[PDB]
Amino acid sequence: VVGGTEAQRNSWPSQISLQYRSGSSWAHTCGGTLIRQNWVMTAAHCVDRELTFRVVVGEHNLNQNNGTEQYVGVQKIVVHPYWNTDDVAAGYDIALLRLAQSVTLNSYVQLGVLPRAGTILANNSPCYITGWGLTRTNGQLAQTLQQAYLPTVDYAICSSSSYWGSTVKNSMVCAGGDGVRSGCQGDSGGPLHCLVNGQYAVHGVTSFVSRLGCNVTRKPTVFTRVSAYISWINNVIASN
């Protein structure tokens, strides 16, 4: 997250760190959202590589013991069947991970609430991105979980020629694009939380930014729109 602020440690208890085994240690690669005690939602592109993955819930500082972490292996990966790794702009950038064990819920570990199917945010709706991704273009991962305020940019604007043009689809949400705050590598797969009728819900799964950099004016961060995939998610969980 570029241009973020450190999150309070109990603000975003559905945020997870997806990590891969790197020698004798583990490394953060992506974010995710806990959606059942044994299921995580993330981006498909985060699981393209044939790595050994684990999920960490209750994480705040990747480089210190917080006293709240639960570590759980990933047992099964279900990527959206239309996902095509060499065409992120086509969409379908979403995957579900079934955890080896069910995690225990507490003030640091909670299920993400999802929007009702079909819900679209009005232009300029208040949202936060969260994650441990790079804090500058071509920088380094954050230590502590970051948040940044990114108002939504509706489809009519986001799909206009000076923004993303045809690359953005109605199955996506765009947010930010102010040139200061954005998602960045390592934030992929994590949540866009938007305040609707008094309650934060996870409306986006972080999908992509510009190749010209993370915080680029008129290139808002692009998220998979969770509300387009409610039936898919329920179908997967009910059949696994």
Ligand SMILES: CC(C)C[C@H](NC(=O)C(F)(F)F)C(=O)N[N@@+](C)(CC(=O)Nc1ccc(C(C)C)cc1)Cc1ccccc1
Given for the second form:
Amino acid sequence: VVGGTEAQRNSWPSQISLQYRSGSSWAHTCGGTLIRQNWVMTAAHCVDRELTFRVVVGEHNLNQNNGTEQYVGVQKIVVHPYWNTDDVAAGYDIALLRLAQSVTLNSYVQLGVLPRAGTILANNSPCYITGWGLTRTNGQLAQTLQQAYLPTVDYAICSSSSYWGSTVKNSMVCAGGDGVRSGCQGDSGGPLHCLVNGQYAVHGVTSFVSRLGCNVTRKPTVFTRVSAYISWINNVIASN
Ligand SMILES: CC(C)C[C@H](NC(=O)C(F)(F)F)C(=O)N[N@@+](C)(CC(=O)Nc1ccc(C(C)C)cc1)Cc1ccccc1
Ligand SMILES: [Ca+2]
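Same protein, different form: I have the form deposited without the named molecule, so give me the form solved in complex with the named molecule.
Below is the entire complex, every chain and molecule, led by the chain shown above.
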């Protein structure tokens, strides 16, 4: 997250860190959202490489024991059928990970609230992006969870030629674009939390930023719109 501030410990308890084994250790590659005790939602581009993955819930500092972490293996990866690695601008950047076991819920570990199907937010709705990704374009990962206030940019503005044009589809949510605050590499897969009816719900899965830079004026961060995928998500959980 560029232009973020540090989050409080139990502020975003559905946030997970998706990690892969790197030699002897484990490195953070992506965020995600805990949606069931044994299911995690993330971006499909996070699992394009065939690596050994684990999920960490109840995480706050990547490099220090917090006394709250649970570490569990990924047993099955279900990527959306239409995902195409060579065309992220086509959409379908979503994947569901079945965990090797059920995590224990507590004040640090809670399920993410999904929106009802078809829900579109109005322009400039209040949303927060969260993650441990790069804090500057070509910088380094955050050690502690960051958050940034990232209000939405509706589809008619986001797909206008001065913003992303044709590259954004209506199956995506755009948030930010002020040139200060954005998602950045390593925030991929994570939540965009938006306040709707007094409740924060996860409306986005972080998908891409400009190749020119993470915080670029009129290139808001782009998210998979979770409300476009509610039937697919429920059909995978109920059949697997
Ligand atoms: C791996 C891809 C699928 C998504 C990748 N995701 C992220 O970094 C995210 F923001 F979500 F956390 C991204 O935007 N990667 N970039 C590598 C940018 C990139 O390639 N983005 C991109 C944008 C649009 C498209 C469409 C037009 C095909 C493809 C890739 C990040 C970047 C940002 C600033 C400076 C340098 C690098
Ligand atoms: Ca830790």
